[PDB]
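**Q** Residue-level listing of the chains:
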Amino acid sequence: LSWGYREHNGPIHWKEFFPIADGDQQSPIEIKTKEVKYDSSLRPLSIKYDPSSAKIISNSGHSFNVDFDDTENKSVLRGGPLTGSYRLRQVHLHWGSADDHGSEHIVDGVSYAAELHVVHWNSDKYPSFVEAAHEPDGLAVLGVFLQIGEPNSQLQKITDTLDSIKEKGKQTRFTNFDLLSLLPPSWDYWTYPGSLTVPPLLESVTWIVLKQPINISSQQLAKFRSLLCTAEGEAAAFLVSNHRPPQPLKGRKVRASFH
Amino acid sequence: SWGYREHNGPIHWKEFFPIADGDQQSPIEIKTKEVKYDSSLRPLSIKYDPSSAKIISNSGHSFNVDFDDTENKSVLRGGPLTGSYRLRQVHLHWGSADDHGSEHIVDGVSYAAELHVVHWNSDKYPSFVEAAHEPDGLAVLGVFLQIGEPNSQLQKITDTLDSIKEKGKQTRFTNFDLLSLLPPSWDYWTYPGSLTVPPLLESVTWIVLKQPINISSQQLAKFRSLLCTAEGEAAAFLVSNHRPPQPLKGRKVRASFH
Ligand SMILES: NS(=O)(=O)c1c(F)c(F)c(SCCO)c(F)c1N[C@H]1CCc2ccccc21
Ligand SMILES: [O-][Cl+3]([O-])([O-])[O-]
Ligand SMILES: [Zn+2]
Ligand SMILES: [Zn+2]
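Those sequence lines, one after another, are chains A and B.
Residues in the first sequence are numbered from 5 upward in steps of one, following PDB author numbering.
Residues in the second sequence are numbered from 6 upward in steps of one, following PDB author numbering.
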C-alpha cells in the first residue's frame, strides 16, 4: 500500500485499508493527568543499551529509521510495566509542519514539536519482531517528547546523515550510536496498552511515555522536514509532517510511574 | 606501608589515617529492614565503552583496571547522582575463603568478592584528583560476586594475572565490556561514604547493587596468587583485601526498589 501523511493518503484515510484505525486500543492518546493513577506495582525501569547495536539509518518514506541488530540481548528494556526482556529494534521520529505541534501523545492539551519512538520486542516469547508485533504483549515502545529549546548535541549523529538519506529507500551505515544519552534525565513515565501509530496500526504495544521532554532547536527540526516521502525517480514530495492525531481512550486507563 | 596483614591491616590504618574513625566510613552492614525506600532515586543510567579500559596492574592492594578518562565516553548518571560521573578504575576485594570476601555485608551475608567501579564528577571538578576530596566528588558502584559458573568476562582478567604477579607489574588490557558484566537487575542501595582503602576520603556516593554476579572458585582463587610485595622484596600473597564494616553513625541507607 501507499498510505502516508499527504491529503489523499493521510491519517483520516488509513481506516479505508486498516479498519483497526478505529479500534479500541489505538495510539497515540491524550493523557489527562487528573485521571491517572500512580501504580506502586510498577518495577524500576531498566535500560541497558549498547552503542554497537545500531547498524543502519534509512529513509522509510515515513520517517528516518535507525535499525539495531536485534539477535542479541545487548540492548534491552526491562522492568516498569513489562514482563521479561524486550529487545531494542528501531528508533524513529514524528514531527509536524511547524514547531508549535508535531508530537503524537498530548498531555493535558500540550503538544510538543516532535516525538521519538524507541521500539522493542518480546524476544522471551516470540521469534522475531514481525511476529511479536501481532501479539498484545509483543512490543514495548518508549515515547520521548521534543520541545523547542537550545540545540541538542545528541541529535548530531542523526542530523549529519540526513542529506545521504534524502530519498525514500536510501540507507547508510550507522553504528556506535549513544541512544541512552538521547533520553531525558528523569525517566518518570505514563504507561497504557495501545498500538503502532502507523499502518498496520497493530494493537500490540505497551506504551511507556516519558514525562520529561528533551530539547531540539528549530534549525535542527527543520532538517527532518527536508526528507522526502518519495523515492529516486518519483516526483518529489517532502515529509513535512508525519504524526498521527490522538485517538480516543475507549475505556483504557493510563498509569503513572511517579506520585 | 598499609596493607592487610597483621601489623599493617585495617585495624591499624587509623594510626596513619585518622579519618579511618570518621563519621562517613565504608563499607557498612546493609540491614534491609532499616533501609528507606526513596521514590526520588532514579534508575542507573550506564554507558561503558569497551575500548575505555587500557591497562591492568597489581597495586599491591588489588588489581586495577585503569580506563582512559580523557573525556565522557564512559559515564554513570541517574541513581542518586546529580550530574555525570566519569569511569576511572575497576578493582576487586576478596577474602581467604569463598564465603567471606565482600566489603558490604547484607543482613550478615558476606559474598565471595566485591567489584568496585570508581567514577568522578567531571561536571563539577576538572580531574579525579580534585573530585576525590569533595563529598559529591566520587561515585562507586559495588557489585557482589558469588561462587557459581565460570564468568567468561572475568576469565579475561584472570588470564592476565600471571603477568602481573609482582606489585607494580602492568600489562595492556582493553576491549572489556563492563556494561555486560553487570547483573540483570540494577536495583541498588545507596549511602554517603568513603574510599575503603587509605586515604579513606569521605567523598563517595556508594551505589551497591543487590544482585550478585557469579565467578568460579578457581577463577577467584587466582586473585590470591597476586603478591602485596614488589620484585626483589620477600614474597607475601594478597590472600585477603577487604576492610571490615564501619559504624553507620546515623547515615540513611536508601533503596531504589521495594
Ligand atoms: N588515579 S589513582 O590511581 O591515583 C586512584 C584511583 F584511580 C582510584 F580509583 C582510587 S579509589 C580507592 C581504591 O583503589 C584511588 F584511591 C586512587 N588513589 C588516590 C586517591 C587520592 C589519593 C591520596 C593518597 C594516595 C593515593 C590517592
Ligand atoms: O543499626 Cl545501627 O547499628 O546503626 O544502630
Ligand atoms: Zn512512531
Ligand atoms: Zn574498593
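I should point out that these hints are in silico values taken from the structure, not numbers from a laboratory.
Hints should not be assumed to be uniformly reliable.
[As the list claims (entries may be wrong)] Within a straight-line C-alpha distance of at most 20 Å, the following computed PhoX-like cross-link-like pairs (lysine-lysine) qualify:
| id | chain 1 | residue 1 | chain 2 | residue 2 |
| --- | --- | --- | --- | --- |
| 1 | A | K161 | B | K78 |
| 2 | A | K172 | A | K254 |
| 3 | A | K19 | A | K227 |
| 4 | B | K174 | B | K257 |
| 5 | A | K170 | A | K59 |
| 6 | A | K172 | A | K38 |
| 7 | B | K215 | B | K257 |
| 8 | B | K78 | A | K78 |
| 9 | A | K59 | A | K215 |
| 10 | B | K59 | B | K215 |
| 11 | A | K257 | A | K215 |
| 12 | B | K174 | A | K52 |
| 13 | A | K78 | B | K161 |
| 14 | A | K52 | B | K215 |
**Q** Look at each hint and say if it fits the structure.
**A** Right, here's what the structure says about each hint:
The hinted pair formed by A/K161 and B/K78 meets the criterion: a straight-line CA distance of about 15 Å does not exceed 20 Å. For the hint linking A/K172 to A/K254, the alpha-carbon distance of about 35 Å lies beyond 20 Å, and the restraint is violated. A hinted pair counts as satisfied when its Cα atoms are at most 20 Å apart, and A/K19 with A/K227 does not qualify at roughly 30 Å. Taking the CA atoms of B/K174 and B/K257, the gap is about 40 Å. The hint is violated against a cut of 20 Å.
Of the supplied pair hints, the one linking A/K170 and A/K59 holds, its CA atoms being roughly 18 Å apart against a limit of 20 Å. Between A/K172 and A/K38 the CA atoms are separated by roughly 42 Å; this puts the pair beyond 20 Å, and the hint is violated. Between B/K215 and B/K257 the CA atoms are separated by roughly 17 Å; this keeps the pair inside 20 Å, and the hint holds. Only pairs whose Cα atoms come within 20 Å are accepted, and B/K78 paired with A/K78 is accepted, the gap being roughly 18 Å.
For a cut-off of 20 Å, the pair hint linking A/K59 to A/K215 is broken: about 29 Å separates their Cα positions. Between B/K59 and B/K215 the alpha-carbon distance is near 28 Å, which puts this suggested pair outside the 20 Å criterion. Taken as a hint, the A/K257 and A/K215 pair is honoured in the structure, with Cα atoms around 17 Å apart against an allowance of 20 Å. Under the criterion of a C-alpha separation no larger than 20 Å, the hint pairing B/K174 with A/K52 is inconsistent with the structure, at around 34 Å.
For a cut-off of 20 Å, the pair hint linking A/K78 to B/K161 stands: about 19 Å separates their Cα positions. Distance check on the hinted pair: A/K52 and B/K215 sit about 17 Å apart at the alpha-carbon level, within 20 Å; holds.
Against the hints set out earlier in the document, violations occur for numbers 2, 3, 4, 6, 9, 10, 12.
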